[PDB]
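S.K.: One letter stands for each residue in the lines below.
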Amino acid sequence: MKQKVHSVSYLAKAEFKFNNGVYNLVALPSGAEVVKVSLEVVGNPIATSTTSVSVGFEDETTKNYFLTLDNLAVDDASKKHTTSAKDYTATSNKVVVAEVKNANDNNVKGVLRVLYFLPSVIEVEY
Amino acid sequence: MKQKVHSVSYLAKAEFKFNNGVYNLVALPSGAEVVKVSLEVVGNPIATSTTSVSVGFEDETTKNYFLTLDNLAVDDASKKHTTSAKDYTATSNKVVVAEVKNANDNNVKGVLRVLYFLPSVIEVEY
Amino acid sequence: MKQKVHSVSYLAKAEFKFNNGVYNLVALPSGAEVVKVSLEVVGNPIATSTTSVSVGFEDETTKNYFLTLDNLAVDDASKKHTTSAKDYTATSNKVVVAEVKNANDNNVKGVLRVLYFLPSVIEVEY
Amino acid sequence: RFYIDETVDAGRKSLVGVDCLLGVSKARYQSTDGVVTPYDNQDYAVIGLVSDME
Amino acid sequence: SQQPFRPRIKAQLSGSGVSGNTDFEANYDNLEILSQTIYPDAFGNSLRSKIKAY
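Respectively, the protein sequence lines represent chains A, B, C, D and E. Mapped onto the UniProt record's numbering, the consecutive letters of the first sequence carry residue numbers 1 to 126. Mapped onto the UniProt record's numbering, the consecutive letters of the second sequence carry residue numbers 1 to 126. Mapped onto the UniProt record's numbering, the consecutive letters of the third sequence carry residue numbers 1 to 126. Mapped onto the UniProt record's numbering, the consecutive letters of the fourth sequence carry residue numbers 328 to 381. Mapped onto the UniProt record's numbering, the consecutive letters of the fifth sequence carry residue numbers 56 to 109.
One or more of the hints may lead you astray.
As the list claims (entries may be wrong) - 35 Å max Cα-Cα, derived DSBU-like pairs, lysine-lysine:
1. C:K79 to A:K80
2. C:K36 to A:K79
3. B:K2 to A:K4
4. C:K79 to C:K63
5. C:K109 to B:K109
6. B:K101 to C:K17
7. B:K2 to B:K86
8. A:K79 to C:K109
9. C:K86 to A:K17
Unchecked claim - Just a few of them, taken from the derived set where beta-carbon distance is under 8 Å, the chain B residues facing chain C:
10. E33
11. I46
12. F117
Said to hold, decoys possible - Partial list, computed: chain A residues near chain B (C-beta under 8 Å):
13. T82
14. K86
15. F117
Think of the hints as simulated: they come from the structure by calculation, not from any bench. By construction, the Cβ of each residue, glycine as well, lies at the ideal position given by its N, Cα and C atoms.
Just chain A, with the same shape it has in the complex:
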C-alpha cells in the first residue's frame, strides 16, 4: 500500500525562568506536525506558590492552547512534568509561547520540549 508520510522530525528545546511575561519559545513552520509538547519545572517551587504558566500560540489571545499549569503546590510530584494532550498541524508560521503570570516565586524555571514533524512528505511502498 502506497502512502505519503513525513520523514523529517525536529525537537526544539527552550528554557524560560518563570518571571511574569511572554516568551517566544519555539518557531513552527507552516505545515509542521506537532506530535509532542511537554513542559518540565526545574527548581523547587515555594509553598503557597500563586504562579501560573500556560503554553500556547503567539497570535492567539489566550495563550493556553497546548498546556496549562497552575497551583505548583497542590501536587508538586505530578505538577513537575506535564505533556500536552493535543497534536497540531500548522496552517501558517507559528510561535509556541509561554504566558507566565503571578510569579510569586523565583529560582524556578520551565523547559519546553516541542517534537514536531516537518511539512515535507515522501511516498512509501509496503
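Using the hints provided, position chains B, C, D and E relative to the given structure of chain A.
M.R.: Just chains B, C, D and E now, with coordinates in the frame of chain A:
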C-alpha cells in the same frame, strides 16, 4: 556500551469522515515500531450522538487495539484529542484502520496520526 | 525567526525477562534528549503476582526515575502499557535500567522503548 | 583521516569529519604461563605521585 | 495507431520553500503531472440508391 537502535522514523497522517464503515488508514511495514497513535475529532459533535470510532488493525477481528472513542458529547474538550497508550512492533505488514459505527453526527471528522520507527537498525557505541 | 533544533533521533528497544535482578537496558549518550520511555508487559501475570518492576537509572540509589510498576494482576488492561511522564536530558552517559524484585510469576516479560534525540543541533529559520 | 562531504543539503551545506584508530595502553605485562615474577601484574614504568588539589 | 492517446501537462510549482539556513528537506516541493485520456469514436453514414434502371 554498544546497542542497536532504530534511526529512521515516519509520521503518517490520515483524515477520514466519521461516516459508518472501515477505512484503510495507515500502512505499517513488518518490523515497524509504532510509538505514537493519536486521533483528533475535528468538528462540533451534536448532543445525543451515540457514535463510536475505534482505531485498530485491519486483519484482526475487533478493531479496538489502539483506541476506542465513544460518547463524543459528554466532554467536548477531553475527547477532542485521544492518544493511544500502547506501543506496537509490527510482526507483519499491517494496516491500521478506523471502524466507525452508529454515525449520527454531521460534518465531524477524524485525523489519525501515527509515529512509527522503521525496522532498519544501526549500531551505536556510547 | 531562528532557532536550534535536534534533528537526529533514535529509538532503543530492549527486552528483559522479569526475574529478580537489574538489567542494563538502554545506553544514553551525554546530551541525549529523552522524549519517550514506555514499558510494555508481555505475557499473563497470574493471580497473586507480587512482582515489582521499576525503570530508572543505573547510577542512582532507587532505580525508579521513570517508572514504577506493581500488582500487575490488579488490572491487566492498564498495567500492560505504562509510559513515563518525565522527559530527560542526559548530562553524562547514562544507562537506563530495570529493577525487578519479588518476581513470583513465570513467563512474564518486559519491553522498554526509549525514544531520544541526539545532542547534535542544527540551526533552522522559518 | 579527514572526511570532507560536500554533498549535505544537496551540496548546499558541507561536513568535515576527523577520525583516528589508535591503541593506547599503560605498559603492564603478564606472564605468558602462570609463573609469578616481580613484573607479572605491575605498572612497568610508572609511579603515582598524589597530593591535594589545593 | 489510433490507440487511446494520453497527453500530459506539468503543473506549476508552488508552495513556500525554505527560509535562511534551513535544509531543502524541510519543505520538499511536489512535481505534479496531470494527464488526459482521449479515446476514439466511430461514426458514419450511408446512402442506398434505387434500382439501376431508375
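S.K.: Evaluate each hint against the coordinates.
M.R.: Taking the hints in turn, this is what the structure says about them:
Restraint check: the Cα-Cα separation between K79 of chain C and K80 of chain A comes to about 22 Å, which is no more than 35 Å; the hinted pair holds. At most 35 Å may separate the alpha-carbon atoms for a hinted pair to count; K36 of chain C and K79 of chain A meet this at roughly 18 Å. Restraint check for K2 of chain B and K4 of chain A: the C-alpha separation of about 34 Å stays at or below 35 Å, so the hint holds. At roughly 19 Å between alpha-carbon atoms, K79 of chain C and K63 of chain C fall within 35 Å of each other, so this suggested pair holds.
Annotation: proposed proximity of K109 of chain C to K109 of chain B is violated, straight-line Cα distance about 38 Å (limit 35 Å). Distance check on the hinted pair: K101 of chain B and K17 of chain C sit about 40 Å apart at the alpha-carbon level, beyond 35 Å; violated. Proximity of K2 of chain B to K86 of chain B is assessed by CA-CA distance (about 27 Å); at most 35 Å being required, the pair is judged to hold. For the given pair, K79 of chain A sits about 31 Å from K109 of chain C by alpha-carbon distance, which is consistent with the 35 Å threshold.
Of the supplied pair hints, the one linking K86 of chain C and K17 of chain A holds, its CA atoms being roughly 19 Å apart against a limit of 35 Å. About 6 Å separates the beta-carbon of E33 of chain B from the nearest beta-carbon of chain C, less than 8 Å, and the hint is met. Hint status for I46 of chain B: violated, given a least beta-carbon distance of 31 Å to chain C, over 8 Å. Satisfaction of the interface hint for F117 of chain B is found here, the shortest Cβ-Cβ separation to chain C being roughly 5 Å, below the 8 Å cut-off.
Because the beta carbon of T82 of chain A sits about 14 Å from the nearest beta carbon in chain B, more than 8 Å, this interface hint is broken. The criterion of a C-beta within 8 Å of any C-beta in chain B is met by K86 of chain A, whose closest approach is roughly 5 Å, and the hint holds. Hint on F117 of chain A holds. Least Cβ distance to chain B is approximately 4 Å, under the 8 Å limit.
Taken one by one, the earlier hints fail for this structure at numbers 5, 6, 11 and 13, listed in ascending order.
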